[PDB]
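Participant: Spelled out, the chains give:
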Amino acid sequence: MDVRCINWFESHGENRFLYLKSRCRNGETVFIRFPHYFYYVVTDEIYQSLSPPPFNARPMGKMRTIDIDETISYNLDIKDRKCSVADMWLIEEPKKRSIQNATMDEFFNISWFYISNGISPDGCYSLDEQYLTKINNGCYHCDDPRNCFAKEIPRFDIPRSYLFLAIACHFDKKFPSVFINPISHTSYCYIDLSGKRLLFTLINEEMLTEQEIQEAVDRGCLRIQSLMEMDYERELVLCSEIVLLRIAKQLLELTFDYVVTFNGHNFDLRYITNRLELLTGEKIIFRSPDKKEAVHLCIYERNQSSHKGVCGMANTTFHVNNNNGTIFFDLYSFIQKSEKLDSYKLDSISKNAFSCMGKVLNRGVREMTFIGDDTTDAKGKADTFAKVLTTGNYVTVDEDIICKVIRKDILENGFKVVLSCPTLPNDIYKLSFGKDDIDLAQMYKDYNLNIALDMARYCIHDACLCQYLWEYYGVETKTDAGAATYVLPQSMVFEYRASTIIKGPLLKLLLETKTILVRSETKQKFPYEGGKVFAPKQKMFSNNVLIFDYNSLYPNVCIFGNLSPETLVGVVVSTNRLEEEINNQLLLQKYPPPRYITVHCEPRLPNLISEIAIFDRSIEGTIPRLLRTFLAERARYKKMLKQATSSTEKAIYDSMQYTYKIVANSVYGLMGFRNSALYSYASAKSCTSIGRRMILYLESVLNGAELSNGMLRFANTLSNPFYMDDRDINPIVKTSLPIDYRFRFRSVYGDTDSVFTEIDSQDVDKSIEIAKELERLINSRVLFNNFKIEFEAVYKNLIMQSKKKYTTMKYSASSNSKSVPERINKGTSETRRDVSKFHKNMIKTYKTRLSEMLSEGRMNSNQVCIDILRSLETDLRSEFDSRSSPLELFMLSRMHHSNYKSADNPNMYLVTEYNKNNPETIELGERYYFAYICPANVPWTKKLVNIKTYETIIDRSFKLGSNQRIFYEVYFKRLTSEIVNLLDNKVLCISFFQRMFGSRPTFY
Amino acid sequence: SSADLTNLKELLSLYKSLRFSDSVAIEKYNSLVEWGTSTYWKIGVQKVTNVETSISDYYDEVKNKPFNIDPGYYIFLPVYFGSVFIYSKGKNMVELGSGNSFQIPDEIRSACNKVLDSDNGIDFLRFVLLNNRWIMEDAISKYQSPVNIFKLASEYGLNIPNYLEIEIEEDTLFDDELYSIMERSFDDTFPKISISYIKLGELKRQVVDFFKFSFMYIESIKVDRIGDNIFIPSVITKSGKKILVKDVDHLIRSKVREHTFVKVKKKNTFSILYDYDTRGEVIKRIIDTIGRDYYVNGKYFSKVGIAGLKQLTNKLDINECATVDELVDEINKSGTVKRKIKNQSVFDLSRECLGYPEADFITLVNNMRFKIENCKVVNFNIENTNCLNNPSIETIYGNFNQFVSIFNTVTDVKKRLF
Amino acid sequence: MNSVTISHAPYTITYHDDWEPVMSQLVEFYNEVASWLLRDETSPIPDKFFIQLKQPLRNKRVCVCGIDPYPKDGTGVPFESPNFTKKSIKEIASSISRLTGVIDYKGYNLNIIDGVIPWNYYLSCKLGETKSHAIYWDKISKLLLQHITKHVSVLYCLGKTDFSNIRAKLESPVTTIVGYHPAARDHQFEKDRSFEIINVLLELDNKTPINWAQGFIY
DNA sequence: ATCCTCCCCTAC
DNA sequence: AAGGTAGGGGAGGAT
Ligand SMILES: [Mg+2]
Ligand SMILES: [Mg+2]
Ligand SMILES: [Mg+2]
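In the order they appear, the protein sequences are chains E, Y and C.
If you're matching positions, the first sequence starts at 548 in our numbering and goes up one per residue.
If you're matching positions, the second sequence starts at 116 in our numbering and goes up one per residue.
If you're matching positions, the third sequence starts at 405 in our numbering and goes up one per residue.
If you're looking for bench data, these hints aren't it; they were derived computationally from the structure.
Mixed in with the good hints, there may be bad ones.
Okay, derived cross-link-like pairs now, DSSO-like style, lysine-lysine, Cα gap no bigger than 30 Å in a straight line [to be verified]:
(1) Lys1373(E) with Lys1319(E)
(2) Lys992(E) with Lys573(C)
(3) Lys643(E) with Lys491(C)
(4) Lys892(E) with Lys573(C)
If you anchor each label on the Cβ, the simulated ranges turn out as follows [as the list claims (entries may be wrong)]:
(5) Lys1084(E) with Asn494(Y): 40 to 46 Å
(6) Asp609(C) with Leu120(Y): 55 to 61 Å
(7) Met990(E) with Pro414(C): 58 to 64 Å
(8) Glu607(C) with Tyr847(E): 17 to 23 Å
C-beta: ideal position from N, C-alpha, C; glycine also.
Hey, can you work out the whole structure from these sequences and the hints?
Facilitator: Right under this line is the structure:
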């Protein structure tokens, strides 16, 4: 009677049904089957004139339909927008019907289900039993969801079951191939509803000698020949391949809540199912709760195209076709969409996710002892590391040395781990769980019992990493939060982008406000100008910079201007100044500012000189309410973030509020998207015009402000640049700072919605006090209505390179001068994914040295330029001849896709040839590594004719041949330009290139 | 299904003939191309973003040397002095040799469609523009003949040449003597450049022109009146012979100057200049010679008169008077003139009345400030004087006070006319 | 038309000279796996597994590739039905006949048409299923698929998901079309018009077209 | 030289 | 089923 919703899913048979999976307070699972309908919205005069009677129909109220097409006029004789009001019906029909005058046909049928019956996807309910008919054991049918789910109750917690799985396949030299290679190991982590956790690995005994198999049993292993004698509480079981696959079948056919794998939808499950089919007559069969459909396990590929002029394909995913309510969840696709890495391999993700700072507790001849706790790092990192340590095998030190774990002791709060490593003369090191140094190919060549047991240990770890990442990213929390806000089923939360996920709240708003938006014309795309970006005034500041940033500027612009397709009064254009002045003289009288806002936009057509968009702010439209909805959610998750304690809690809540940031901004993108239902050229262009004025207003009043004895003087009169108001616009305002303070403010940079204001100070504690008081005066006297800013941070030793490139040491707005700053980089080569690690290491060294000696200042002759260049040339020449650096430092990352024009693009060719000549296939959404490799006999040259001909795609098994070398000419040139671009000299810098590379640089 | 076969068959149909496609047919073609490519991953044909209308396939180099004619039946039509235009069915008219926007009346567009509705075998209609008079010259068709098309054109208000039909029964050596005989046999009163003849069975037109190359001395340049403030230039030689000029651009591109020798083709009836080989010098010399009070408006010259109410009534097709009130009394009575006043803005109505060219007049307006009271102009001044370097812009400004007088008057007519 | 000997039934393979470059590998690959497959009954009979190697390649222009040599009521080669009763062959004839104008006919077989060589990726399957021996043949199928492709201009494969990555399997580039199998659910093959597209692309690139109506039996 | 185009990725 | 512009750096090319 009391259930919590877990999932929704549909059948694929002739009769489509919608199923709910939910669990009761006591742990029992119940399914409810709902009839599926197609929903159509028609007007009264259409409803009464439908020749084929509808299956069912109910009135949905009296609604207003607004035609939201946009036309330009050359005068002020603007007519009222076409609007009609009529009683309308919502009709449901089991089969598709063609209705000549149906509207609101851009919403999903599942969305109509949820909204019409007032059902939230993840709600907790107390159901009225008289509407439920028992059809099977644990399955009911519900004909009246409107009254069955009327009662909602507070949320309660339920148990859930998990299956985490991984396999290891045999190979001799290359990627495994299903037609030859047997399965070696299978590992599971089995978690029941009781919470009992079982860990076990199965070993393929067919690759061991009979004497070795008996030795395994003597050591404590179990040997089984059939399935009826299997026991899941034993850590190691030896059996033949037939048993291995039948066990995999038995487990996968169970009604788990989640079955979680990492890239198992293309490899793990595919291998298991394909090999089972040949060896025996069994197949993996999924069945619906009511046993009216049964399907064999099949993997389907979903191709995602782009929306450019040559769209092509940009991503691909694989899905399991189960119909039993289980969610098959793949970490690979989830993480690839969420995070940014050089690569998304399991070792790379773990290396970054599971790490901490550990202290050296003891030292030895070949062993070091590392101790970690909350006293040496951020709270919770030592505990997360300790948790993973339970099953881990190797620990990486300072992201470079792979060390074997010899001893592990898990402490009440931290850990003590003993690693086999050379003595490292320091006290603090970074520990993480990353790459292993094992060689599987050699381990198969010499495969024996001792290897089989070590591989079983590795395999269960890989299966456990899926659980550790599951919790680390808070996947369970994100799933339910998404389903509730987007009105989507829990199974579909992470598959759709903005165009679809916003349909849930959008339908609610349209039905609540009694509005339908329709079009009668053809859309045409026109360009428009974006936000303002300032040019940096100085390269090096050597001063503290106060950064002030508008809080979600876009949503406030639409609310301020009431910008939406249905609120536009009109667009008035002129071709000549005489008409422009006449239209302005009438405009200021026809549409008084107290009710209307006028936005002066750039020309739309090349034969126009002026365009004004007129918006009516007296009635709030639909987009402002959609934006308010997302603002409310983001604020709620930001508030919870402020209350988080552990590093895990903070990461999860920070990620969710970021997600709401993006969807709120994408509402604009949909308004500017030529194929959107919300497309509005006038509104999108007007939004950015208001934004540009808003940034210039704040920048102008701060540039030249001065802090005096007890009063702040703003540079310019604080006059609202949109309309006249009753605010006191006097630029002299009272502050609460001490008389000791005397400072001048200058604007040195600015980007999209933030202003970089330099203060003539070296201290941070004074900078924080002034910045906080300065924000108070700005929000209370300078800005108006809902426009507010926050003080972000103090940037110390800020250096500017371009309009999108800078580096600084960040002091947070809540951190005093005694704190440790964070070193942050925007747009620099130290953050890019397409350069190298060789470049990054050197540019950091030289840029730091340049800043330190230039900030101090000597300049006896040409010290700064010559000192950097001389050291650079020495290191570049030394590396070329030494050739000792690992290839891993010269690897670039690139994405593969088909989004191209002409078909002869070298990028598609390079990958296509790789795929043809290798068992490894690069798919259209994957990232791969490549390098510039040339024959070892090629000397250092100066004249570079071809670059792309040196690109090769490298797999994990790639080894640089004795007849090859790294094409240093391209790696060194790129680094040299980045360093030289930081120098103020020309004569010596040009000479550097002429002797080293044989070229002349460009000095920007 | 049939839906896919329709898309594929329509794509093949348009592909075979993309040279008779307008913007809508081209968009349909390119949409079907994108549909095919995305549906099947490979398509035989690609999108088209070129192919302009051309009639060059039907003509050849003009023959100016004697030649033999063996075939019998020919039809001969004249080619008149003047600019050549081509008209397409259901479309506007385009000036041959350069794609532009030229002022075309409604009477000719209607008459063109009326004859082109007779049959679907006509590719285009050829027209010649002579002193703001339109004559139809040709209408190439795969099914019709150049006889009934012209007869219908005449009934619809268009001018047509004198149809001649000639059959050759011998081996004739075509020379200037026969050219003169057959040219005068048309009994036409308009200057002609050449004669175009066609053979029954072919669409190709062949053109003959017998002329002599010479030099002549220009004594003066003058403009003749052909309409209401519309003047056309001509070139007068020392002997008094009038050399025909196509338009204002003709003299500028031919680099014609006064009191010098220019290249000219001499014909048996008149002399003609040709365009085959600075602009600031030549246009200034022409203006100074014909008169300081003339300026260029498109292809012709106009004067800078002090036109007032008497000329406003002529443009509005109402009674000629000097009373402002009558500018609303009659308008409310005649529905054929009220439409013009209410449909167009005051800016264009007063711009037309003084014969100002659109492009240069707007350029002046956008470099000068206005002060308006109750949407009526009370003052103005120039803020950017660089626009005055073009002689047309300075001349237009010199008489801008007349524009303001009419502009303000029409503004009050609109306020009371509604 | 030479032959080789093998270690298991049918103990001999007869092939056209055009298949010589793969025969050196087919004997090794089949001898290592036949011991498992030939214990039971198969459809087709093992005696026809290699019957498709009798077809010449140098005189072909198009290859139509199915999934298996239709086990049930099979003949040993794909796209044949001795009584014109199979759904696949009837629907192929139906689409072509509607486009061509053929009304009165008694059967259809793609093995009749000149210029096209019928083929199937997997050399055998179980009776009642498809792709049941993919683990068994894959390596052999890749050898034969790239070899036959090198001799034709246009490769027409059936199965939107089955030959999704065929471009990686093939060595030489070929004009590749992947369509619906003429027996799929939801009537998705009824809108497939690959056969006409093949001939149009051949004409554009100055190649001999396929006379698809040649396959009708009168 | 010398600018133009295309692409890849980043900042908002 | 598919959010929007501003901008830098690099490789190749048509001059
Ligand atoms: Mg902001
Ligand atoms: Mg912020
Ligand atoms: Mg910002």
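Participant: Against each hint, give a clear statement of whether it holds in the structure.
Facilitator: Evaluation of the provided hints:
{"no.": "1", "hint": "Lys1373(E) with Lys1319(E)", "result": "holds, 25 Å"}
{"no.": "2", "hint": "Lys992(E) with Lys573(C)", "result": "holds, 28 Å"}
{"no.": "3", "hint": "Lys643(E) with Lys491(C)", "result": "holds, 28 Å"}
{"no.": "4", "hint": "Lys892(E) with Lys573(C)", "result": "holds, 25 Å"}
{"no.": "5", "hint": "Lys1084(E) with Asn494(Y): 40 to 46 Å", "result": "holds, 42 Å"}
{"no.": "6", "hint": "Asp609(C) with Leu120(Y): 55 to 61 Å", "result": "violated, 23 Å"}
{"no.": "7", "hint": "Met990(E) with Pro414(C): 58 to 64 Å", "result": "violated, 41 Å"}
{"no.": "8", "hint": "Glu607(C) with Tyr847(E): 17 to 23 Å", "result": "violated, 36 Å"}
The earlier numbered hints that this structure contradicts are 6, 7 and 8.
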